[PDB]
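Only one chain is shown below, in structure tokens, and it's the form deposited without its partner chain.
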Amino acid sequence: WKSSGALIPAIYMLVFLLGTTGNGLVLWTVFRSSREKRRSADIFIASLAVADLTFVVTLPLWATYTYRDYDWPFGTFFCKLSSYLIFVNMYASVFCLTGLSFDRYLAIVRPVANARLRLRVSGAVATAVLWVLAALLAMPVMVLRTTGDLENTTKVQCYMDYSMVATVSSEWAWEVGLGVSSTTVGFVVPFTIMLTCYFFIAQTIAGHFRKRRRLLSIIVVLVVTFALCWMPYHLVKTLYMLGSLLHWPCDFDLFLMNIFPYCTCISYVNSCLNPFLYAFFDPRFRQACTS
């Protein structure tokens, strides 16, 4: 329903412009700051911004893909690269948010052991392992993503081919396994660990009941926005798989199919909303704007 014309391409283009500008500005803010002033959360913020930027560079290609009634003229390599960068964005962003939340748990709840942990492991090592893990986890996308003229309508569609590793019979198993693993690694387990960190933070903060509140408020706003922007996508995707497995009504399946593009759109919009969230809450980002 609601073919919507060019709403999705227009929103993709808008997110491209605003995400590029805002993420560049936030990178300028974080790198222009002194290394002495450079806080632990700054490296995670920078990595989050880099992930968003690497996604929004490919966003114009997705806008063109949508505008052309799903025809991909950029070839196989850029199909693989764009899908891979999408999943790298998702994984690295949720991992950076997890790192920020764990840092807040270390500081607010029990800073003494936080000092020892900071002595053992530096932030740069954490960022390195985070990015290599994200790249490794998104590798299946790059290996399996391909370019094909499905339905013999002279339209090229950038789709994941599971015939490279699985036959026709086990293609459903491979697709469901990859989807469930992607959900568990990008939403479920990171949200579980972040919720545990936030729960102990909430208990210790009941005991405490502004300096900690600055960082906690901005990070919780970031995490809640990430939740509201990615929960629709994971929910619709997992629900579609469970509907295929358990034979849910076809009306609900049609509803999920028609709402999937919009959920993907909001998941993409998160990248552009991150800088305005920094501007509204973080006083340093406002300082950079004035300075």
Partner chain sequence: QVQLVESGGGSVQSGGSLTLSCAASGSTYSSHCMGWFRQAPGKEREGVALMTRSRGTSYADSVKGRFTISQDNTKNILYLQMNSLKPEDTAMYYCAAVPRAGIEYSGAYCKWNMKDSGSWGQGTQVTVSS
Second form
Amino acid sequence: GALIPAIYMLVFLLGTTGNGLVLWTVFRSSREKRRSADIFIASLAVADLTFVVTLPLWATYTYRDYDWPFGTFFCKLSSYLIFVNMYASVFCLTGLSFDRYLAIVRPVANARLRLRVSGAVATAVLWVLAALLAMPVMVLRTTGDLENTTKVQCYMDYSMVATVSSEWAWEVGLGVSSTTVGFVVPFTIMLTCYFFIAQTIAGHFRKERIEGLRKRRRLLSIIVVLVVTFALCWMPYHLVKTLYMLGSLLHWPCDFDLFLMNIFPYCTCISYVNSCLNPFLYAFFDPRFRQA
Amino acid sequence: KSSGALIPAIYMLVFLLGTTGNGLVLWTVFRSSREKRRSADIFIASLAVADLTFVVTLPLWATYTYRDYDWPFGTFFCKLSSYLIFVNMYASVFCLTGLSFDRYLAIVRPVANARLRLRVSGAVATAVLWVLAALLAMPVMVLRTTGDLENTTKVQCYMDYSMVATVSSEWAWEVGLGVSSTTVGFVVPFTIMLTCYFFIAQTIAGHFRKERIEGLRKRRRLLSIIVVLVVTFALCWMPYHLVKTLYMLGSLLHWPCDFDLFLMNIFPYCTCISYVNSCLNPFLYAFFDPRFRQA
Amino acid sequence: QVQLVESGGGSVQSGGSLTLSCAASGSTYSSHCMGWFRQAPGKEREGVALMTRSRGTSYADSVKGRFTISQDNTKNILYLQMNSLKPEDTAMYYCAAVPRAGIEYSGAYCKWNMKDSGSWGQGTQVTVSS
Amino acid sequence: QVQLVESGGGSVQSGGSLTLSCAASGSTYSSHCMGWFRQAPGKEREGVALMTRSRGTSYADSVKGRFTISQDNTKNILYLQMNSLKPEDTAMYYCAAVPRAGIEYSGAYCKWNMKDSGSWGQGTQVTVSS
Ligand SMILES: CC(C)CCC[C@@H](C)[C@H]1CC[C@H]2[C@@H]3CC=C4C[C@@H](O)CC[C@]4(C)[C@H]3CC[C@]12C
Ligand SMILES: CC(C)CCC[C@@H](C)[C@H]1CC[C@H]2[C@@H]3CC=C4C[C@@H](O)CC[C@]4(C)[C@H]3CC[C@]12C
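Starting from the form deposited without its partner chain above, please write out the structure of the form deposited with its partner chain bound.
Now the complete complex, all chains and molecules, led by this one.
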């Protein structure tokens, strides 16, 4: 009942404070001391802040038993910002992993690619892609008294772009594309980069060289922990959602569908918790945020 | 006449211009080195922050006025938006008062200026300024609500006095809040500014008969931009406070219905000018102050 | 706070141009809002003619008839020119003075949602005959 | 797209325990969330038992408690146990399936606001005797 709104408000407070401190730390250091990964760190913090500012609205939404007293525009904006957080965060993790892959397997090629493609253009393309990919959510989201109750539910209307028969097709396509470009393809790139990184690192890890683990814990392992936490917080979301979509063609039993429907709010809750979890991860492993 | 879509078009235009200009002036006052940042710069930045917070909600008010005063945003956002208009008013007037007092220290008594700078830091003054603005605009946030007044199927963001007063005391609380807002936003701060400026003008005549040309030129630039800001505030918010004070005083003076209707119909445009002041500030900063002009 | 004294009404045949003049004392145009209501069989107090800043003389559709609102500030009487007496007009017609809101916050709206807490007056029993 | 061939419609007297079994084809419990609707003669089609997700099974408060509705995902047949049928319940009964949205956006809710753009059946009039 009140557990989800309470966790949403706690994540709101913790994420706002932690992302504010992360932004302050990344934006107080001199440009020379600011690494190429700091832009990605700050973009992750900005996405987390942009989501947690709307988090109180969602906490009120779930507190009132899925009633939305904020309007169609704010439903559109909030859903837009959840999706923008998802794509921007996973694209930033992809960029961090690709940067580390360049810096490890082929550092000369890392310098070459950094010279060819600056950080600013990469970040701008990342955010433009996130915006354009979350455009369907903003376009189609609406508020309506679904189930003919006093509650106002912030849902997505497919009548603008599809009929009743094609509404299912558009829903499945949007879900599949969101999964593909937010978990499947970006994580595929991340595991490819991490596998090449693992080969290059193991080339020396076959020896003892335990100081290499601390050197990784500085930047590479904090990036790895960020990726792993993102995976563990968005795997319930995408897994349950994809299973629900596939149930129409696998003909799942009613019990399994009901279990997925009932457990999806908690999966969403963990996916939202990740935003506040990230600054704590920064403090625990990276001493730069701990020092500042 | 409702002027059709004039009020929402103006509101959206000031939204865009104010957002861009206030972002530009914040960037100008923040990119400079801390040593070059003078004590007036924190006041400039605080005024810019107040304007930015107001023009953030400006699209909401534009939508409100576009739909014939219908508010599809909820009680919380009505409270927050009204709170932010009032916070902008108090913070802006207090920042202008702080700038004028900083000048009154600088020109009239420079030794006392240094003494008061040593005694009182700018950060403490800004913090007290914002705390007072928040507390004084708190009644707006507490008592505001959304309701379909006149039963026209249109939510209107009004202020409810039933929480703290009865029907026979609703008028008392309304007049008290209006008079207090008028006082601490246009009379007492402005009385402080006029006293400071009168002493400043006496010292300016003295510097017409004394002082140094180069320091007088630097003071000319700074006092010119500051006084232009003060006069623009005093010309954009004067219709607001004047018309609302006249409306309150009408119950005591028993004015004809024609004058009351004129005030009621002209108040939206006074609100327009008061809102346009926020976007007017960056253009003023660019025109007179070379620091923003250089950036 | 104000004292409202109604007039007119009564048993009049259909089609008459009955005039309902709701007087007032202390209820200025800039302070309180005139309005006209009639009591439902369940005493629901259905509005018949209200004064509105957004619209001005908002008449209920079901109680349209030929109702007219005119406010005289000098004599402080609201007139309900409820011409063309309808069979629906057979009701007790009351006038209310719901305090008008301020210009600063509510834009001088008339706060008709607070009709329960407003000041009323003992109406007249209109009995529209044939 | 679901062909809701609703059966079991009949006619009883006061207190009748008629059971309405709306069969369906293609309306999986995950895709289409079906419910029952009652169309009163001369008026728009109303609701009796609209199966939802937030409230579980919903009802019409004017007639709530007289009938029970349950769904079997095995044979995809929806029951409307119209027990204690009353003369106020004399009307036509339609069974419909609005397309239930996904969990990602609407939390798997039954878009009963789109009952107009949904698949319908035929039903049979229940002339409940007094
Ligand atoms: C519930 C309904 C009625 C509310 C409608 C609000 C609409 C009309 C308003 C509120 C906020 C507004 C937006 C605020 C900011 C921007 C960014 C700017 O670069 C382009 C315009 C744009 C995108 C505005 C377009 C109009 C807008 C979306
Ligand atoms: C229309 C109604 C139902 C919406 C209700 C929204 C309320 C319950 C929510 C939305 C925004 C929230 C606020 C967001 C930020 C802060 C600042 C923090 O330092 C104290 C809590 C406080 C002040 C929150 C309190 C609860 C809050 C006011």
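Numbering follows the first chain given and starts at 1. We call the rigid core whatever largest set of C-alpha positions still superposes within 1.5 Å between the two forms.
Colleague: Give me the C-alpha shift of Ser244 between these two forms, core superposed, in Å.
Modeller: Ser244 is displaced by 2.1 Å at its C-alpha.
Colleague: Relative to the superposed core, what is the Cα shift for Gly75 between these two forms, in Å?
Modeller: With the cores aligned, its C-alpha sits 0.4 Å away.
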